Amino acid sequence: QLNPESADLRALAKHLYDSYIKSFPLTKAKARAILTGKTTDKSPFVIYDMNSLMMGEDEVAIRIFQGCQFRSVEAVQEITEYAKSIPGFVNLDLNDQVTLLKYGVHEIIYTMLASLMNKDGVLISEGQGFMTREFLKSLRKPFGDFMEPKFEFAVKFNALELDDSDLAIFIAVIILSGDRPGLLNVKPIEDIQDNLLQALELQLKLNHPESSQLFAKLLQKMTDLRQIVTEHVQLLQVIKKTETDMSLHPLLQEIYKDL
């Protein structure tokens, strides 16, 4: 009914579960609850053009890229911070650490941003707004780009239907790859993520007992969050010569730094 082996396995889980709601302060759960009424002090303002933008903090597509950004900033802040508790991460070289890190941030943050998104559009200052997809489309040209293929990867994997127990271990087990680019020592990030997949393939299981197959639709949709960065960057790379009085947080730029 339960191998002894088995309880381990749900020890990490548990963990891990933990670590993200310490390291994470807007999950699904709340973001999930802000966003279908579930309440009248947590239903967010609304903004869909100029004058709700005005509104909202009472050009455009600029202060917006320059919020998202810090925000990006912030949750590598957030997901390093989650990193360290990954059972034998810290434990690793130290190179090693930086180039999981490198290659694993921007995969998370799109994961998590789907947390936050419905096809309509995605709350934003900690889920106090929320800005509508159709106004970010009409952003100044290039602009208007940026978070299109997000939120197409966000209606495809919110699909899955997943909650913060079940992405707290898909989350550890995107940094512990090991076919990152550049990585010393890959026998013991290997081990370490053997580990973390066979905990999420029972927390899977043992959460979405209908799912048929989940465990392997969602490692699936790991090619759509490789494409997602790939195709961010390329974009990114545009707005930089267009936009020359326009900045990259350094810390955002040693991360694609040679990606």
Second form
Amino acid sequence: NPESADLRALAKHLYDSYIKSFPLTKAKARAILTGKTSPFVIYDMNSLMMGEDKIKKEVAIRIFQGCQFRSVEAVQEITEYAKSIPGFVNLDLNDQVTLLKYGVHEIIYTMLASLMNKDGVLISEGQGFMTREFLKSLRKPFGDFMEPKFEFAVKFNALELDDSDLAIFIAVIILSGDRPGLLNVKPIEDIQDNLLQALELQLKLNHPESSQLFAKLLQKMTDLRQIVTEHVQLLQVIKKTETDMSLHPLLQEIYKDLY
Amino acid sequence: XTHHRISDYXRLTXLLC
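Form solved in complex with its partner chain structure, per the form solved without its partner chain context:
Expanding to the full complex; the earlier chain stays at the top.
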């Protein structure tokens, strides 16, 4: 019960910190996508054109770079969140850097799911919606860059997690003892073990009807690793065909010798 | 603060530290 209390207090701390760290939450995204509050819809080139006035070189490059710029803002928010996870800033600084390098894209994809449905994605802080079909229409090699993310999101969203759940799950992901090059695995696994028990208790309290949710969520962590792998490869291709396209230097730091 | 790979992580270190 004092442990129970501690675990609930940890869940609460992380939820509070998540809210502070991430302006566009799942609750906020769901309210927008279901009308409880509509986004300008971009479904083709003409609507993209009309969209540029209403909300905020070649189109496919502009959209891809838009995705990168949004990722950069997510890295910032995730880094702030990570600093609030009890124990994190007390780790070896080399290890903190390794945990962020490998963790940030997995979190990006997790949280991107909140903004997605099977037909498209919220953009521009919820002021626009870009259709999946439109993102598939872009020229090679950009035609498919979002499809792995959509596929993940549709499956992930079927678990009906809320932000209080997500706050604990993303903490678990960052505190992964199996990242390459970690110097002190045991303190990381110790923190993750607390987070995992917090997660288990949260899901039991918050999703009593979902009998195997904890196990299902652990599997998603593994799935996240593959989208990242596939994304980095996709970037290799693009770095080949598109030598003139500037990449974002923060992302270059993250991607350098990643996998 | 400083760390072994800082010279390759100016921007990330800016955020973390």
